[PDB]
Amino acid sequence: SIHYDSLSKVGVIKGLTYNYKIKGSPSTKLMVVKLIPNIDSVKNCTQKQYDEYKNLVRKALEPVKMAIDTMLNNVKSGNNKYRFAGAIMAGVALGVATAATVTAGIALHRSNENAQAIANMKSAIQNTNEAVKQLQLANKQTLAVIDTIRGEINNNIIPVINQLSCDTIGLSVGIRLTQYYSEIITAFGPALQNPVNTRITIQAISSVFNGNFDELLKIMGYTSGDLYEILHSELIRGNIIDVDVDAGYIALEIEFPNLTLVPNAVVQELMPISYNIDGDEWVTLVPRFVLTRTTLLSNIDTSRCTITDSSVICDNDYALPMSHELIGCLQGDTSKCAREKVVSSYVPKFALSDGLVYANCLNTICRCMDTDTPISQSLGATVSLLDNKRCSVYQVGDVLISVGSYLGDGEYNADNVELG
Amino acid sequence: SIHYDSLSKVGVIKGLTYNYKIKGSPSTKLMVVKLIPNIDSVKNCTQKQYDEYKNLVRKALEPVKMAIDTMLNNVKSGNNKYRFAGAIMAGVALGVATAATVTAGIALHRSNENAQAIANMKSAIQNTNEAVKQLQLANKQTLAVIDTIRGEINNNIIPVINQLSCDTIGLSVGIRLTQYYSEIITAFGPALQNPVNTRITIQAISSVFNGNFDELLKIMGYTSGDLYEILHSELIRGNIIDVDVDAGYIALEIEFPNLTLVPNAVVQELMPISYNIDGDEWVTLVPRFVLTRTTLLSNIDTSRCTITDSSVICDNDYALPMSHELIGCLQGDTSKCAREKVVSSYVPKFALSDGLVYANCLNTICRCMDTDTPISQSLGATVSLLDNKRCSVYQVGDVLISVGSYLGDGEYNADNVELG
Amino acid sequence: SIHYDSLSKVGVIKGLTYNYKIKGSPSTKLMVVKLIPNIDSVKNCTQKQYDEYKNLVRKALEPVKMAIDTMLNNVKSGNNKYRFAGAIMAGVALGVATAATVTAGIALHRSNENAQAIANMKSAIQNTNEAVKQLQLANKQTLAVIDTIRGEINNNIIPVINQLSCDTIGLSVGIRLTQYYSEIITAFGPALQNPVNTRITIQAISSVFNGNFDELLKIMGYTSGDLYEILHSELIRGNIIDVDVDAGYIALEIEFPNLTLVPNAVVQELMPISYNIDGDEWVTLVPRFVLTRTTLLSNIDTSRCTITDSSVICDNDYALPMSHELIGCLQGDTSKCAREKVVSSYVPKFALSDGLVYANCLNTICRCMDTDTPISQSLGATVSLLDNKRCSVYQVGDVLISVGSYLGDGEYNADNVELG
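Chains as they are written, first to last, in the entry's author numbering: chain B, 26 to 445; chain C, 26 to 445; chain A, 26 to 445.
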């Protein structure tokens, strides 16, 4: 319970209401990002710059493969000793880890049969001559292959190649290769250092492809308009499963999760306004959002979640405990609520809820428009309630509002309430 | 009062001084952003990809117009019942809202006559064939029309169109349309969801126009060098007033505010240094900036404001209350000031103010350069003052400084001050 | 000491270990950024737009040179009066400053002989016709000169110049100049306002050169693969030393620092898990990282540092003091540790350290796989220890793990420990 009838007399008013959703089971797709382009159409003019680029790429990829091969051996070393049907992590060889790292280490082994199927297509992956392409694995699964720089050459150099000289072509292509290297290090740098525990969103991945994430979703067989709820929440993420150093490519597995609606769970918003005490202006201190689950009250940090037109969407169940004074305050003992003095006009003075208006008519102008007379609260009353029994249209500050009727047994009274 | 003479003996020294400015009355201009380009120069080669693009745009715009039409009906439903000269909000139909939402809902109705004037120019808006254009409304007001992709076709495809094949042109244009769609969703996505309460800065708006905000200000009749104080503060912002689904465009109103100088208001900076107590090194805890208005002291969170060479500029009056211990400390009762022990050399040891130097000569080397002898403070004194009565140039740490004269009645004394 | 044997019984477990590194002595290089391009190849077609651009650039540069000339006079006014071999700051003319500002003001004078050598090359700097170039000063030092827009004209306009008309060329170049002006104001705007105290990273500087920082490091004679540890930490930074208003260029000095390994300093990570008290689930509150230097314990805010595979790298020594209750807790008086109640399943239940597993087997399923039987802790015990004396493979939650042997004198006991 939140006992709104006692909260209103201390400036706390009932806002909007939402349901709670959290991430469900996954679905996955395969993508290959090529770092060495198929320059074969202009090959004779640019050989010197190309040979220099390949060595730098290979030096950059060599450390990553040893991190992957190391983690694969800790699981294989277990599976070969014991009869059990599941994968077994060798704890003595690993030595120190959180439960999350052990879980991601077993998932890396579980993904290895796709990586082996990709490795059988190496010569077909090398020979692509388009900016994006689709191929079929022996698993019957499809693979998407991305090749940005061959797109740049097809657009910018080939239509004018009769005007340019051989030295101009070589010098022109050389600067484009170093720009692409700078983009790769900016997008993938953190994942190349810690490949087992790091995930990247599809929006960030697309920065290597001019930011065109709409083409990426399209070639995987989706539509960006249908995926809106998980795309806008940034829940579509990928991770590295394998690296090929001699060919120069990265293989990624990309995940499209379901959403689960939590039963008996509600999120409630609270609106604060100022109020009058014996001639001074004060404000109450409370969190903006509160979570209720099967009568239990709790805090929730919505900065780690996305708010939509009707739902709050989180990656995990971010509920947090609540202190005894705040629980006492929200359950109707207003003497336990904390308060602060007002020194700026930026704090609001009125609000609308269920068609009724609550206002602090000692610090803002309130007038009745039908009879054209001012409205005054006593120096004993903290807040004033505006409904259609007195008159049908009110001026509040510099706005005109029409109001509904009060669902109660008599006149609203706010004289001399308990507070602390 | 801040009683700097007592604060100096506890390491708190007087810094720079600024005046306070807050946002004033507005001025506005009109802009139209087109989502469906005028492809008419290459039309025969790209019809298949164009027809697919238009349906996706229309599906994306259909939800936004219903949010706008819904809010317009809540005001019209009031205006038709009553004689009053101002606009009236229907509170029963709206049900729940903050004062800010009611205010933005009335402003949306007030802007509707410009939207109707724009809607009379629809055929002239469709026929533009340039990246940016100016038109005249029947209000005598001007309108700026933006068309990015027709600029791309004029630059990249038309000069080489004799070299490319029909299939190459179609495939080439198709990827540019999906890239533009990805850019729109990234820039406008939050505003398309909540069009009544959301505002966008001109810098962010320009990301749909290659980031060239200088052209946008130029066609509206301004110069980016004159607008520096409001542009650098990020106070130039726009909001959506209407949407046309069949033609595929968004109409925006853009605001250029005035700045108001608050009378009798001053912002004062404070500089902390370490100090000596009985052989140990300590530091005092105080906020960096303090606000004084007509003798009243208050806190101010300058992270929400911009600091210039002479003024602090804020969007609203962000003043906040101050606790009784901090007020006691700043008004000269140093026994109420809070302190901390020092465990790193990154904390500073000296500072310059009004041509005089204050230093902790037990934790840094202080020497007189004229006589070439060291300077020592007793174990009873917290801080030392360096002025030109003793000698004219000092070495402090690894820097040489020349100093002024002390405006006082005698020798400065820092023995055994009151502290807690 | 951290007395891990008492901490384990309250859910705090030993994580990874790192060494501490801080920034050392500098090394520097010279760079010139040109704001007025060498349009001389298309000059006849674009004169009107070019003359308009130059006046706006000069108006933008005029305020910056007076800030530089003002600070240079405060040092020169000292050096001319006194015999001392070092530079002398005039404190009366400066009036108010922090020790950091005095230090940067003397450094600006120390850099002035390079600025004079650059100023002798003005006609050679103006005549460059390439996107990037190298020149030699009379100091025998090299200078790197950047010219982005001449690169754009060499790539985009000259190969098609027989197809375009004179008016098309002029209009086309004019929009590229205003886009470049918008990019300059976005990258350098804060430094142009406060040129003495502001530094910019090489990644941010490169945004004026299509983001290609790899070319910048290459022409300065480095390789981005060797500089990884300081580049990834973002310690490579530059600052403005001079401005030329009539020619329209900015001169920068760029710094490549060394790293110093602090002796006898270690950073230790801590892993928290939940635990059982009399039937309820609880958690302990402690910082993630702790710093030890020659037996002294301290806090460290690693959000201002970079964490690698083995080292923590900071710009300055960010150590901070620690409270008496936390020191008491970590030195084995667990009655002083603070705790919280658990209301979400997102909190972890087990962890691996030194080949042994610690788990809360009342809130997760624990079973022995060799004998296929469940494991249970009493209602008196907070935590359970899993080692190879009982059986060699365990199921914990939904994962299978193989474990090592306990280095102790007998059975581990967690009954009825002291807590508060």
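Among the clues, some could well be false.
Unchecked claim - Quick look at which bits of chain C chain B covers, simulated, 3 or more residues with Cβ under 8 Å:
(1) 125 to 136
(2) 192 to 203
(3) 210 to 223
Quick caveat, the hints were computed from the structure, so don't treat them as lab data.
Here a beta-carbon is modelled for each residue, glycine too, at the ideal position from N, C-alpha and C.
Stated coverage of the segment 210 to 223 of chain C by chain B [criterion: 3+ residues, CB within 8 Å] | holds (count 4)
Establish whether the coverage given for the segment 125 to 136 of chain C by chain B is satisfied; the threshold is a Cβ-Cβ distance below 8 Å, and no fewer than three residues must meet it.
-> Contact hint for the segment 125 to 136 of chain C vs chain B: holds, 4 residues under 8 Å.
Assertion that chain B covers the segment 192 to 203 of chain C - criterion: three or more residues, beta-carbon distance below 8 Å = As far as the segment 192 to 203 of chain C goes, the hint holds, because 3 residues have Cβ atoms under 8 Å from chain B.
Of the numbered hints given earlier, the model fails none.
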